[PDB]
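Each chain, written out:
Number of protein chains: 2
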Amino acid sequence: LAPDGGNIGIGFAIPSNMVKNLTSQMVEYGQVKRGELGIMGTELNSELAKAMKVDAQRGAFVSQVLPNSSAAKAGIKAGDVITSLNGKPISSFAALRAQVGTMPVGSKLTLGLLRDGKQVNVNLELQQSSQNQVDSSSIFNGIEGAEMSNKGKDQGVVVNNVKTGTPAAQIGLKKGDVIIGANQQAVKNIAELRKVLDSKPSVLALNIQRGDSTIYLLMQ
Amino acid sequence: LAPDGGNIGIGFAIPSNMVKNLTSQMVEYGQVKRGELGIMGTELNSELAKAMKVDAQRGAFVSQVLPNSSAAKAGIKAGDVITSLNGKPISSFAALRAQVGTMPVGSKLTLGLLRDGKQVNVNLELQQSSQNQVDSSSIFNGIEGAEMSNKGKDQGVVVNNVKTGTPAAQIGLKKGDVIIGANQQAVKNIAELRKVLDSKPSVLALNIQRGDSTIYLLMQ
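Those protein sequences? They're chains A and B, same order as listed. Those letters in the first sequence? Residues 1 to 220, per my numbering, in order. Those letters in the second sequence? Residues 1 to 220, per my numbering, in order.
Derived by calculation from the structure, the hints in this document are not laboratory data. Mixed in with the good hints there might be a few duds.
Intra- or inter-copy, both count: the list cannot distinguish identical chains.
Calculated cross-link-like contacts (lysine-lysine; reagent style DSS-like; alpha-carbon spacing at most 25 Å) [said to hold, decoys possible]:
(1) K50 <-> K195
(2) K151 <-> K163
(3) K73 <-> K108
(4) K20 <-> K50
(5) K53 <-> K118
(6) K188 <-> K174
(7) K175 <-> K50
(8) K175 <-> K118
(9) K163 <-> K174
(10) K188 <-> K33
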């Protein structure tokens with residue numbers, strides 16, 4: 001923190017543990033697989049604890065669970081408060097968020113609630129979601145256009161969404177396509193891709209597939 | 001070729017063979033029946049042959065075959081290259097195009113491929129398409145409006161597409177119609193038509209048919 005970029009004696013850093021997770025993740029996927037419980041909430045301050053008659057001036061307040069979400073299934077009600085995660089007391093919602101957004105889908109964990117002044121322990125598991133990452137710029141270096149990410153297993157890279165006046169598409173690119181190969185080199189994931197990109201082909205041979213067809217796209 | 005229209009010593013001419021085809025065609029139909037294989041592609045230069053690991057600095061590269069097209073049926077894959085046509089080596093795609101666009105639907109022919117460094121010979125036949133020719137101007141001389149072409153056998157002339165502020169339609173003309181006769185003279189094809197037009201009727205009696213009906217249109 002600093003007005004006039006200069007150290008006032010207040011610095012911030014991301015806890016190791018958090019990083020470890022985000023780390024060993026990419027280590028094996030070149031990206032982040034965000035797990036969610038499927039809930040909404042907000043910081044439990046003192047005033048709130050009043051209104052909702054509980055003993056806890058800090059914590060995460062459960063606005064509204066989602067249906068068919070880990071939380072749903074787990075059995076959590078709107079109007080509950082979480083006090084701990086894997087034994088670790090919870091300062092506030094903000095943390096809780098960062099804490100779990102940190103973790104990879106399917107990650108198991110245990111929680112301490114407190115609905116109606118009564119403590120609760122429940123288990124759970126992160127599920128899927130609907131996030132965003134890795135663009136046609138973070139890999140093409142210049143070729144704006146559709147977003148891009150992996151697909152199924154090592155089944156190649158899927159074009160998320162081509163814009164309008166975007167150069168990628170001005171190469172014959174269209175959403176839904178599914179790059180399977182390039183330059184006689186199979187592609188199973190963004191890794192094998194940026195890897196071919198590293199060889200820096202002057203001419204770029206895409207082996208994609210719209211619908212049930214098989215085609216190629218080009219570049220320079 | 002010439003800046004400031006003047007011969008620099010560079011002239012161009014259309015090969016006999018090509019012309020012969022286009023010729024004997026009209027000779028018997030007053031028009032061109034364009035056959036297509038149903039494929040997309042682009043000039044195979046050296047760079048490409050690199051990227052796609054083949055031996056051939058010139059040729060036609062098979063971008064993406066079409067489904068239910070001669071090529072499809074024939075059994076050709078996107079990423080193949082053609083080296084010859086009816087034994088005739090192929091300089092480049094451009095030629096290949098002109099070469100076949102030249103030929104009439106159903107024309108049989110034999111090709112030499114080279115997928116994965118391995119030579120291929122395949123047979124084929126041009127099919128239909130979706131082209132454009134002969135206008136309501138190329139026959140009416142002045143009467144703009146819908147495009148026009150033959151229909152089925154000698155079953156008369158079909159109005160392709162009437163515009164908006166076009167005089168032909170401002171005669172009662174509408175797309176889909178099917179001129180069958182005129183001036184007590186049957187019409188089976190554009191020939192029999194421009195033939196009546198040659199007699200230059202002061203007044204023009206069209207015997208067309210919208211839907212299941214029978215009507216007449218007029219002119220001066």
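Each hint, compared with the structure:
{"no.": "1", "hint": "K50 <-> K195", "result": "between (57 Å within a copy, 17 Å between copies)"}
{"no.": "2", "hint": "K151 <-> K163", "result": "within (20 Å within a copy, 43 Å between copies)"}
{"no.": "3", "hint": "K73 <-> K108", "result": "within (14 Å within a copy, 53 Å between copies)"}
{"no.": "4", "hint": "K20 <-> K50", "result": "neither (38 Å within a copy, 42 Å between copies)"}
{"no.": "5", "hint": "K53 <-> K118", "result": "within (12 Å within a copy, 70 Å between copies)"}
{"no.": "6", "hint": "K188 <-> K174", "result": "within (19 Å within a copy, 45 Å between copies)"}
{"no.": "7", "hint": "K175 <-> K50", "result": "neither (51 Å within a copy, 28 Å between copies)"}
{"no.": "8", "hint": "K175 <-> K118", "result": "neither (50 Å within a copy, 33 Å between copies)"}
{"no.": "9", "hint": "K163 <-> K174", "result": "within (9 Å within a copy, 32 Å between copies)"}
{"no.": "10", "hint": "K188 <-> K33", "result": "within (17 Å within a copy, 45 Å between copies)"}
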